[PDB]
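Take a look at this single chain in structure tokens; it is the form solved without this ligand.
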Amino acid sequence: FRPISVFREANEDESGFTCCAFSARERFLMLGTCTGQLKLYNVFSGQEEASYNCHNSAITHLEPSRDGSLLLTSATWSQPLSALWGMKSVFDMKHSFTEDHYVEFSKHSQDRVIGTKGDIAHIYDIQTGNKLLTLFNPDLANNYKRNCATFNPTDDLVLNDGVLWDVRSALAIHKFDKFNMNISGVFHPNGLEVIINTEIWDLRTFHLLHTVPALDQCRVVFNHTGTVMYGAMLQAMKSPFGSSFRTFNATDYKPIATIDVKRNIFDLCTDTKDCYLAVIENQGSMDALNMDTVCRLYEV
């Protein structure tokens, strides 16, 4: 993990990057800010190339589409709280998700959006913007404080609130027991395993495969080949993670490394060639008047 590049936000006393994802264009990183702006930066030069105001509150998440034509955003207290933006020719808003606090694309074919409102998942058609399904069973809920509904790699399962749903039947097939208060779970890209905080479960048998204590309270990201798993722990805007990330072998969940960057972490993401890890790091403490974040680029 060699440092390659570092930059702060242009024309800012105090630097406000909150989250990042690589653009479909090679050398260019998208970043959200605490004033609800989307910015496009040269990740090597640190030159700000473009700026749009998407929301009148801080960006909490973004995800570009694989084909570079679409972008999802989520903000903090703005209405609408999340939105879908078009990026071909002019930048403009296509649809808005009035109360969804988090949104993701479908993974296999990026024709659908899945949004989260508290305990409840919503699915949307991208063309029409219509709500196709609501996935919510109050007898099966876990009430995860940081619930984030997500499609599996083939788009036919959904994890919401520790419940596995079958998208075609709108049927709850399994509720995983609650073993923490905050983390709801992601799908392994291999389509066989789901990862919920420190537990790894099998999708065909529901047997526990692994305990990984160092994942506690971590947000999980995979590299694009699905051979490496990165973990950023949430904190005991304000700083969403503490100051270290762990890397694990994705097939056997053995630790490769614990990197301590000595700064609280806001976000991290991989490029599509698994060449680079981009990390948002706060130089200030939680008690500073203002945020002071930088984006560091590391070679992996």
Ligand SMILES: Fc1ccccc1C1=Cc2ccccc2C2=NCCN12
Contents of the next structure:
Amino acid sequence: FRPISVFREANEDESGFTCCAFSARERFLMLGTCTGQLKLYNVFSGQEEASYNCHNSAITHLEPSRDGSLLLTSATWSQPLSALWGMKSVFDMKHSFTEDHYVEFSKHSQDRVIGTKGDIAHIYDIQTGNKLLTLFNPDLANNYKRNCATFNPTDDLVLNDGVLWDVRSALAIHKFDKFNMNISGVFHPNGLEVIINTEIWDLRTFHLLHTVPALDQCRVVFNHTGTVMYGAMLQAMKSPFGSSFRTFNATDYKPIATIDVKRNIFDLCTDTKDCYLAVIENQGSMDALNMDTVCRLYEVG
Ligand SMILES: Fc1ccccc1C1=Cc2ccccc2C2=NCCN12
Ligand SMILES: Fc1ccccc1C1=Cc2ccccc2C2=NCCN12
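For comparison with the form solved without this ligand, provide the form solved in complex with this ligand.
Let us now look at the entire complex, which starts with that chain.
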């Protein structure tokens, strides 16, 4: 993990980066801030290129669309809580998702959003904004405190609150048992496995394949090719993770590295070419008057 670049929010005695994601434009990182701003930075020079006020509370999440035309955001205590922005010529609000605390794009064909409200997953048409599906069954719920609904890599299955759902039928096909209070899980990119906290489940048999105790309370991100997996552990403003990230071989779940940066982590994300990891670190402690985050850029391959 060769450090390539570091930078703080321009013209701020208190740097307030809270999340990041590479833009579809090579060389440029998108960051959310604690004042609800979207910033475009050159990742190598640290130069601020653009700024827009998306929300009047802190950004918690953002996801750019792979064609470079759309952007999802989620805030903290804003109504609306999440939104979809156009970035073709003018930066403008397309649609808002009043109470959804988290949103993603579909993966294969990026023609939907999926948004999460507590235990309840909402699927929307991007062109109309219209709500096509509510996926929720009160008898199968796990009530995960950090539930994040997500599409599989072909868009035909949804994981919501530890329940696998067929989309076309709008039926629940399997409830994974609850083994932690917080993490609800993600699809591997290979379409065959589900990662729910420390449990890796087969999608063909619903058997446990692997136990990975190091993944406990981690948010997980894959490289583009899906051969490497990075995890940063939640804490037991306030930094959402601790000071260390783990990296795993994505095909057998054997550890490659444990990095302590010695500074609490807000986010981490991968470029499209499996070259870089970008990490938001806080230089302050939680007790500090204010935040002081940087972005670091690491060569990996
Ligand atoms: F915890 C989460 C679970 C699922 C999705 C997003 C988050 C999250 C919460 C958060 C809270 C305060 C400041 C920054 C963040 C943040 N930045 C990127 C990830 N993230
Ligand atoms: F096996 C099952 C028994 C009962 C209900 C469903 C399944 C199942 C779900 C699935 C989901 C995503 C990818 C592959 C699969 C799969 N492969 C074999 C069977 N199977």
